[PDB]
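The chain that follows stands alone, in the form deposited in one PDB entry, written as structure tokens.
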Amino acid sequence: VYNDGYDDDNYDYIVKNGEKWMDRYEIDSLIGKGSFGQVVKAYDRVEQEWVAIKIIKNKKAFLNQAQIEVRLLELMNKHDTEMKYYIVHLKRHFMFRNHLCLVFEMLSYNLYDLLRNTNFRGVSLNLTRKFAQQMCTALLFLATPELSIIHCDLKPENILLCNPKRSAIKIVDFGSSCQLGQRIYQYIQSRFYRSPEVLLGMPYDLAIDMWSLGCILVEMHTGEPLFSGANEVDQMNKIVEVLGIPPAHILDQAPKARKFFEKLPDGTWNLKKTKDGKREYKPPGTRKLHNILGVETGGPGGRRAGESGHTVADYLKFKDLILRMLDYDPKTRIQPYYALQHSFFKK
């Protein structure tokens, strides 16, 4: 009763292994799912290459958003620069059985799979650096004025390895993306990677991607999310544990400041008063990134003690860059061009 029997109750195409489409594509298997729909592995008989096909949900709101993704991908992939190869390449798109289908190059595991394969011990600081440099270069590409693209959903699952035994990466899923000034959503970003300005209901720009990247890089080395909030209130409190109360010049302009904070008569802000004798969070700023990263105690959990490429000086450089990426103020948060100049990247 859904799309003549081709769809499930969640607007998704019921993927059937081995099905051939349009005498060109042989569907092998479902490889990933998302809010957008599904991504399947398939062989293109015409070009004689394996491809990934993103099958968008047969629902107007999802189709229309995927149209934005198509426009931004074609705009990015057309751009004459070698920086465009940290973005996944959209080969072509078509409508099949009332589903928008986007054909991409086939890619390998994402950065979450990589973390799980180390049993959440985290990858080395050297590999984290390689991911960080590629991502900063990618964000520099997005920041080019003709593009001005905010990805809006950076997370480990959206950063994929080209090849499973190499460190080259590509960004995927521009389905939440927008260009600067063309922003159409207030509830965006995956929660663990959600910026303060988005939590505060404030206007946002490309700097929210730099916030997400800073969260991602800590997680890549420690194995666990830096701010693992269960909801927005919990998310903001976890940020405050590490970074303190946000500055008054931000909260004074934040529409949703009273969802998390309270303004005192002197004009300074504090967390909202908790009920009864309930202690749940560390006091503001006392959960130090210095200790989360184990800068002077052998890395995260002490698990890197004595290894090369994990010196105290290396960790201090890494911490400083992360703190520059996690600046509360979007106007002073480190920008991609300057991030690439940081001492953490020097040979």
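Basically, rigid core = biggest C-alpha set you can superpose within 1.5 Å across the two forms. Positions refer to the first chain, counted from 1. Compared with the form deposited in another entry:
Panel note: of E74, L289, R24, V123, the residue at the hinge between moving rigid parts between the two forms is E74; all others are over 12 positions away. Hinge motion between the two forms is captured by two rigid parts, the smaller swinging by 10° against the larger on C-alpha superposition.
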Second form
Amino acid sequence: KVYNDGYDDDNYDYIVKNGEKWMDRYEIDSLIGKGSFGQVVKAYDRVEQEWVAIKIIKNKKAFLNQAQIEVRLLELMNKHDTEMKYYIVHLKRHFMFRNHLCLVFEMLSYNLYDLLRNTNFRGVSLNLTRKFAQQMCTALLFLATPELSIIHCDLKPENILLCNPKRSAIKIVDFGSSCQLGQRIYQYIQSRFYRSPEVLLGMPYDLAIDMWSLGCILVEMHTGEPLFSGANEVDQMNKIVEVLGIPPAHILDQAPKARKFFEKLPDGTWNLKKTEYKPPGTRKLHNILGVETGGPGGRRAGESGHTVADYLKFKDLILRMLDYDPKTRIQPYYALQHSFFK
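Okay, that is the form deposited in one PDB entry; can I get the form deposited in another entry now?
Partners and other molecules have been left off, which leaves just the chain.
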């Protein structure tokens, strides 16, 4: 009947109450989100005199230990002096309150899915998409810092927020499924829509999985719809294949999960298993973006900064981010020097 003296519910979450004052400091206002980790709440900080987003972790060993790993990575990112760390959400501080670990973040505007929902899933401009692409590449360059080497491992429109509703500044959020580079513990990783072929194929992986995710995300910001919207791993891969063609043979020969999607024929070549989909490599990114047809759905026709020249620079940058090989896939440093950002 009673859970944590009545402060928790039946599934270990703290009972969020509007107007409750925590430690004579944090004035709780309203619930923002609830995940598996727990809940996140909007609260006003009285000593700092500013709004904050308090992430309230569940009263559970499994979710507490995971949030401690997140704290360790957030605080390790704060240690570095550079300016490019400000494209990640600032963990201000953490504390224990009535048996719940509470992470205090800076208060932010909406997520990028809410931005796409405001467009009725028709997308934002190539001018705005360039601004997010640069800042996300700057964020991924920060994560690639050798002493950090952090893989976010779950980049999607919901995990990218806007700083202010008027300003066009974005910041990457939720490092709950994040670990530093190393030996492989986890295979089923990333959100399916933004999941890399090396992850789908059961191959080794590294920082490059976040760039694949970025590539997908940036097309979705300008088109409005997800690029590869698979209902399962098979459907995911078939949608990747119909845009980028069949993965290269040398990758598929090494891949332990290659036989889930593809089939090695008697001649030695690889091909899709039977299951609807267009032939491999036929739904060109050129036509999805609308390089010559005035943008996606003809909606950017005659709008400034949406020329054939500007769309080809964007198409080229995206194809480098969506390289099948994670070794030749473009890195944050070279991405930031792409002609799309000139």
